[PDB]
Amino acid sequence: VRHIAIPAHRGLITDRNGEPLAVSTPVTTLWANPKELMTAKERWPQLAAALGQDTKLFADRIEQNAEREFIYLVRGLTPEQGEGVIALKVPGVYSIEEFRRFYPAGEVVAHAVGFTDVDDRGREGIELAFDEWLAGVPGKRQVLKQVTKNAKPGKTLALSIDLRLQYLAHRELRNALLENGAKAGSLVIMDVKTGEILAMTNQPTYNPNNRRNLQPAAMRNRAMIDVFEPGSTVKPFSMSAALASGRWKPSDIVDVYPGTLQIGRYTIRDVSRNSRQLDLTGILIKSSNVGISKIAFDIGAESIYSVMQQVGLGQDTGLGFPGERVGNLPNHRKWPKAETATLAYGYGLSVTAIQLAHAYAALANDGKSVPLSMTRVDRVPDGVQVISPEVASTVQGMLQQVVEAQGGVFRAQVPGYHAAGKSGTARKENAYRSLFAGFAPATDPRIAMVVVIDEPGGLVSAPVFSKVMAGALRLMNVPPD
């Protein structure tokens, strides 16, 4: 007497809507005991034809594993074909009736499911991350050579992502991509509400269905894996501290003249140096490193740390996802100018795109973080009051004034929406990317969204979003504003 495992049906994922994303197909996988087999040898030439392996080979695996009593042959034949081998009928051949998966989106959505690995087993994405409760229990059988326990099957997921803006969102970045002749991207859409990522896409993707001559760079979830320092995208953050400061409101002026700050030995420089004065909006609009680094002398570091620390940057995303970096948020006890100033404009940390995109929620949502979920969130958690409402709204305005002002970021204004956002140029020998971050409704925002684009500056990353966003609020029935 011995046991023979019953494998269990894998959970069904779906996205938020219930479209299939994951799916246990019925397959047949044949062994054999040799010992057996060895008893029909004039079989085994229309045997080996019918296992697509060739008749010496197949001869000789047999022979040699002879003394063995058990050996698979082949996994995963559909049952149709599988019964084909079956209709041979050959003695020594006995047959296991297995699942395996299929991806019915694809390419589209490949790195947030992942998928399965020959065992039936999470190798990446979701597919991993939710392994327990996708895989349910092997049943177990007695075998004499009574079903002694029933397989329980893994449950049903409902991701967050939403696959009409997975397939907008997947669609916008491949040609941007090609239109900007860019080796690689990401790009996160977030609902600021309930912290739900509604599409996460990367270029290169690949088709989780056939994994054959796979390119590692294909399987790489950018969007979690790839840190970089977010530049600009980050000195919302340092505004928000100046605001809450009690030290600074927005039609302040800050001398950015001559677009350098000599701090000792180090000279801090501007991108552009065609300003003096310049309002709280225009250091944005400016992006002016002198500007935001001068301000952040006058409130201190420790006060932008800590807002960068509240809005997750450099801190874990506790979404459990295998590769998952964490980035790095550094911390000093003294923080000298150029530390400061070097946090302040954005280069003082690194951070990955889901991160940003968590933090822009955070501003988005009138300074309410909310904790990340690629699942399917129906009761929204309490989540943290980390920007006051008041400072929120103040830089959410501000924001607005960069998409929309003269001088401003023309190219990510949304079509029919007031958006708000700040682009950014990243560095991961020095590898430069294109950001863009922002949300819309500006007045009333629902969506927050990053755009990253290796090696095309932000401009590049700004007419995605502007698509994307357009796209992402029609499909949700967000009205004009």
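Residue numbers count along the first chain shown, from 1. Here, rigid core means the biggest group of C-alpha atoms that superpose within 1.5 Å across both forms. First, how it differs from the form deposited in another entry.
The one residue among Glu97, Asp382, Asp255, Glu302 whose Cα position changes by 2 Å or more between the two forms, with the core held fixed by superposition, is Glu97. Once the cores line up, the CA of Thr78 ends up 2 angstroms or more apart between the two forms.
The rigid-core alignment places the CA of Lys140 2 Å or more apart between the two forms. Relative to the superposed core, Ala151 shifts its CA atom by 2 Å or more between the two forms.
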The other form holds:
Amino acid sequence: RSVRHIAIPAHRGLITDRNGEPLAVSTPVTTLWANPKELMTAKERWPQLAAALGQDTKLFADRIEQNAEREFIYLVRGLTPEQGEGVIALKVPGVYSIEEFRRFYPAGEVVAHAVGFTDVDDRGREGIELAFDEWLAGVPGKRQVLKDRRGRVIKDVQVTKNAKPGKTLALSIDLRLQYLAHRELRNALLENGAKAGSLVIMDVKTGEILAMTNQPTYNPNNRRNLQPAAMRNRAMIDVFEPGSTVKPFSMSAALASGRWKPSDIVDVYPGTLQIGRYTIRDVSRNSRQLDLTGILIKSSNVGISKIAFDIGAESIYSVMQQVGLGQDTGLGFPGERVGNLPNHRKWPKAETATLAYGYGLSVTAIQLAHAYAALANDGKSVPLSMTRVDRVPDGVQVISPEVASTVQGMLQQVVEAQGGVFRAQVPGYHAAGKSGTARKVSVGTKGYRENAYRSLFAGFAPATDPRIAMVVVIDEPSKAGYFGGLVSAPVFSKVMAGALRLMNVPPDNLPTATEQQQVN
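Moving from the form deposited in one PDB entry, what structure would you give for the form deposited in another entry?
Excluded here are partners and other molecules; the one chain stands alone.
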């Protein structure tokens, strides 16, 4: 004969996308418990109770009997409010209901990496759920119940503490763009028989991350056979050598140096440059001299290396650091990597060249998209955000307007010119960007793999007023080639097209426009 204090569950804060679409919601559920002492006096009600709980008659009876001594045991957790009230309507002595919450994720695996999930005890363990756990959580209340000798609840005596709900959090992500990106990366992953992939979409004016998806993914609503590898928000927490996708930045350093201009011709014959023991190679060996634009179009390692030798590595390091490569994003996503921008006291030729064409440094997809955002935004870099921004934040002019404008023009040519990356063309829009392909690092030794690759494409659109930047990374494609401009480019094409239409961006290239775009 005494008083027990029992918890009152608190509503966990609603997570929404930028426009209010629910991404994580605490849904009301009903838990049924029983006092075996009471149930032992109504044994004749058991078979009906067992059948309403979908449980074997004897196994149910066994459960109650071996707990006859106890005053509390769970019957079933997480019924619907209707299902629980269906069993309560039976009026079985000793059977009680308590209303709890289940965390539900409406978009499931589409946004699992960004949103993350809570555990059995309602604490965030991954993604945004972990990052904003304090904001989201809220605080359970307490109430007192009176129980008799046998443990029968006879009275709800008082509330000693009210439950307070957690706070709503609006993510920067646009769920429409998330669905599109998710589906297209998946399709790409499956078409190409890739092992993994990431896709990031960024608003270049505001810094908001509009979409961030990875493969493999998982269903946070059903984690039964979850494996660790599927949990990774790779766009944020995995690092890679960006390869030729950093060339527009090497190029920006070159134009910033006052030593180079777009018309300058670099001689690249015969597509190799031996420097001591190390040998720089071009995969395209069809041209023997290229202007600055042609170095990007042909993606000449040799061309960019000779430029790098002239301007020096510190020039290139600087722009790369300024556009945030290898730097802290300030996002605070759990597990997020800063990457690495190597810094030697003395820069040999080897390290100077490889940096210039994107090796010996490591970035994340997020960082790469952020760097292209700055270039896309006329050289103004804007702070990354994974929450909705109200005011457009102040930027930092990291590349001059003129140089950014010139490098924009060149990247538009990388996509639109003959010999360029034509699979990256966006119907109805002028797009700009740069493909890349990187040999994966050897497993168990230093060096590069013979037959495993990472396909990259980074870019932005519309060229005439860039609105969004996008990075597509695909690991180990094995079925339809491996080059960036073959694997990742068509994904950029499709997602960029869909994204721009979804955001109502008017088309700037009507010659190539779609069915209804040509009507408006």
